[PDB]
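Only one chain is included here, represented as structure tokens and corresponding to the form solved without the named molecule.
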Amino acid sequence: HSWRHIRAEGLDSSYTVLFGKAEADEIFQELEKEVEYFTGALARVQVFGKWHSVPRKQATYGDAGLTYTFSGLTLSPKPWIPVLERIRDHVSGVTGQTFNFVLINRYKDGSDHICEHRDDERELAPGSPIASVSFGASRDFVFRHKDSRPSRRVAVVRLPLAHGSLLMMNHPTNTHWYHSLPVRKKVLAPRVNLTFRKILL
């Protein structure tokens, strides 16, 4: 109910803290114990003509039959597990939005990262928001306008994403802005991030 609003041209996002420390810690410990991450062939992506192992771990859970493809990699959902349904249900309650798929990214420390991109794949429902819930170490998240990488002097938006927090990325954020989690060498602890999405069957 108290949201920090993050707005610029084409940028509509909202940030809030959902869980206090003790609850967040408990959810984190459960995610650590319960989440199974893809390995090997399901952990390699193709970008700029080259194949790379992803510098983090990824997992996908969601309703049966759906798929999510990005960067030459196709991920299939594992069935929902209790800790994930709990988070999904809490997020639906607070936002009034629904989700049928989640991508989980785990950054073991500040050297694990994710390069900039847009979540704009064809199989995301038009106009649907992405809910980004974070546990573990706080890490800086960066929004960058697509015509500044240059054409326009539009400033980056930076914010720390804290333990137990929710970042709502609403349309049209993903049409107009790239996001990333840059390397932060001083961060030593892991971070687990869940991005709940609505996927087209």
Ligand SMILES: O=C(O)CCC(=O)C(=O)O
Given for the second form:
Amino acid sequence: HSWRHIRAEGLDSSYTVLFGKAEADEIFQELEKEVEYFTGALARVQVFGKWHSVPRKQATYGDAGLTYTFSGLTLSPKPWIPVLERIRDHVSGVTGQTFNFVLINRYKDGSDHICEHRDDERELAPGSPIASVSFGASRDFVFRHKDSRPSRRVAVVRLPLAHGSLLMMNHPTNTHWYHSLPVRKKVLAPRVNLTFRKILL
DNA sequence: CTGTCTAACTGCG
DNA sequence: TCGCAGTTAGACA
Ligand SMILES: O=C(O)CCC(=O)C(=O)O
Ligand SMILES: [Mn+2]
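Please show me the structure of the same protein in the form deposited with the named molecule bound, now that we have looked at it in the form solved without the named molecule.
Up next: the whole complex, starting with the chain shown before.
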């Protein structure tokens, strides 16, 4: 309850803190201890004709048989684990929404980042929201309008994502706006992000 | 065969 | 420290 509502032209989102420091610290430790990340061949993507190692670590968990694909990289979900189930069920019991898949991004520090994109693929249940839960260091998250890089120019939306926070990205946000987690060199500590989604069978 | 798009980078300013 | 400009060991419709 008591969400901060992020609203603009074709942008509907909401931000809330889910946990206090003591709890979120406990979940963060467990994530650090328990999550396994893809390496080598499953850590490379194809963008602008070139193959790049990703500047971060990624993991996927979810219901058996599923798959997710972005930028010429196809990831297969590992079976659920308690710490992840715990978070999922908490987000479910607060939003009403259900989820069968989570992508985990770990930025060891402000050098690690994700370039701007739309969480795009049609393998994603249409109309469904995306649940972004963040642990560890606060990191600036940035929204930017599609046609703004620039015919008619809507203002960029900056937002800090805190320890134990939840960002909800409701439809139609992801058709209209791009998002990135830009480099911040002042940031020395790790951060783990869990974006929960609903995937089609 | 044309045009729209790119979850990433270097090399700047 | 930040982020813009210009992408392209090109994909795809
Ligand atoms: O790091 C985040 O806050 C979200 C990362 C992201 O954009 C994604 O999981 O696709
Ligand atoms: Mn994303």
